[PDB]
Structures are given as structure tokens and as C-alpha cells.
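Dropping a structure here in C-alpha cells format, bear with me for questions.
After this line comes chain A, so read on.
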Amino acid sequence: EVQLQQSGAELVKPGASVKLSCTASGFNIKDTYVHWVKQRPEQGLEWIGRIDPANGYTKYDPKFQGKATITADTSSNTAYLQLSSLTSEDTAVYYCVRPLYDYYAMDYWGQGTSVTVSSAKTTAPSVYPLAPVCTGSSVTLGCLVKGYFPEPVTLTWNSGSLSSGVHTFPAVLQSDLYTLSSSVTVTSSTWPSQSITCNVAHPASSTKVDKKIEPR
Partner candidate 1 sequence: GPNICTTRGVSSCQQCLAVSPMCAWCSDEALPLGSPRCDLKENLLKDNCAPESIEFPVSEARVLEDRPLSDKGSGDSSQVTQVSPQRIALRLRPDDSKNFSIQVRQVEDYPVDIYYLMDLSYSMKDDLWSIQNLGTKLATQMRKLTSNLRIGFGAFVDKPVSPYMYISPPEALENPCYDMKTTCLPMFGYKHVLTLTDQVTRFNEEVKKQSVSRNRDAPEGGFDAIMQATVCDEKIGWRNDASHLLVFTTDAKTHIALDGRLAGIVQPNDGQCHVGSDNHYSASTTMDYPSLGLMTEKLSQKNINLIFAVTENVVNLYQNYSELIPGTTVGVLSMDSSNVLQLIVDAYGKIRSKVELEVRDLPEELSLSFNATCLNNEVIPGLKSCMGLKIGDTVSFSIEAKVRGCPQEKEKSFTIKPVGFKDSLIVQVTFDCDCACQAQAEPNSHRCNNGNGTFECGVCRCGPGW
Partner candidate 2 sequence: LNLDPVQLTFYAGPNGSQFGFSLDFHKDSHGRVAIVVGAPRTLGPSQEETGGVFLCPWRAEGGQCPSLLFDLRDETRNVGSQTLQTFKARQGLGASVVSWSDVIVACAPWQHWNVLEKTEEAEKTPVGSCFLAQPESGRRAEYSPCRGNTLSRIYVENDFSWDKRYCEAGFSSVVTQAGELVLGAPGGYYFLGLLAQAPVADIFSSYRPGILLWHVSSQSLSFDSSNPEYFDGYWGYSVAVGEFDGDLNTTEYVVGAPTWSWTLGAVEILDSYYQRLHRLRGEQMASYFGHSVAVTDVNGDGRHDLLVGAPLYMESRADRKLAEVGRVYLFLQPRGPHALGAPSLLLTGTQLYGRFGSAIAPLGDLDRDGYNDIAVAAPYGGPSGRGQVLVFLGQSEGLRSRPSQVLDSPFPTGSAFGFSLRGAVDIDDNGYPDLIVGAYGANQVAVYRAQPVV
């Protein structure tokens, strides 16, 4: 079966370079064209370029002429994408693509390699409890995870116990550092009757802080 197995996520600094890899599985990389596509949440999908691994000839969107360099080694059955002079705008997910039957199509896709460009150092999060103000039948607590790098972080309540009725929001980049939050809702007879804790783990700096939510 045709599978395109790309490299692991990269985490590099601006001005440096990175070389992504796309290894063919169940077929010879030399058979078809190999493309590279760049995806971003706002900008969407953009075509970087292509290569015929049989001869090494390449085509590029002129937007990527300079940064993108596509190569291919039929030996290791792998296609590469080199990015140079990296910028915050080079933070994106990169996919390698090949067609099924039509010479010019875009049908089979790799899982995608995540790239993150930043000068931030390995910083541990700051965990803050979020208690309500000095009434109804439903109560809501929270937990603020601010100023950590890099991603990700695992957040639970009472160490995986309290799972249902929880909303952990996606992380957001706040000046080269990440900020995350999470809310939880139960009945008024549960809290502060029962102890609720916010467990946050940041394996990058190897820290597992826990804050108990106390009322005001």
C-alpha cells in the first residue's frame, strides 16, 4: 500500500535551516512526481514545488524561490525539503504529495511535518488557579497556564478523575511564549465541598505542577 512517512516535528530558531524528509512506503519514490505543500491556519494551503526523483528536475512557485530546496535520493527512497533563513512565517505544517494515476494530480498525502520557528528558550509554565467571585445551581472553575515553551502541555483535573464537563482551550502564542486555559463545571454541592486540583505537566522542562482551587 502507498504510504508517505514524513519526519518528526521540528523546533528551530530563526535564521537557521531545516531539512524535512518524505520516505516512500510500499512503492518506489522514483515512480511519480513528489510535491511539497505548506499549510497555515490563516493563509491556508500553498504549493511549494515538485521534483521528479528519476532525474532530479524541480519546479517551484516563485514565492518559495530561495527558501525552498527540494531534493531526492532514490537510494533511501526518500524526498527532502530544505528551508533556509527561517522566519516566524515559516512556522507551518508541511506535506509531501504524490498522484495516484494522473501524472499531474495530488492524491496521496503524508501525515505532515510540523515546523516551529522561535527564539524562545525552554520555559516552564506558570499555573494560576481561577476561583469565582463572591450563587446559582452550577459552578465553574478554571486554570491558567501562562508563559511556557515549547508546546505541548497535558492538563487534567484531580489527576484524570474529573473528565466530563471540561473545556481545555487550544494554546495561543503570546510574545514567543504560549498561554493555555481550561474550565470545568459541576454542581454547587460539589465545590468547595470536594477538593478540585489542576494538574499541569510540561515534559519539555520536565515539570508537573498541581494547584488546588481555593475560594475567595
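Candidate entries met the following condition: all candidates are chains of the complex that A comes from, given by their letters.
Just so we're on the same page, a residue touches a chain if its C-beta (ideal position, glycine included) is under 8 Å from a C-beta of that chain, and two chains touch if they have at least 3 such contacts; residues count from 1.
Visitor: Given the complex, what touches chain A, 1 or 2?
Guide: Contact with chain A is made by candidate 2.
Visitor: Which bits of chain A are touching candidate 2 when the two form their complex?
Guide: 27, 31-32, 57, 99-104
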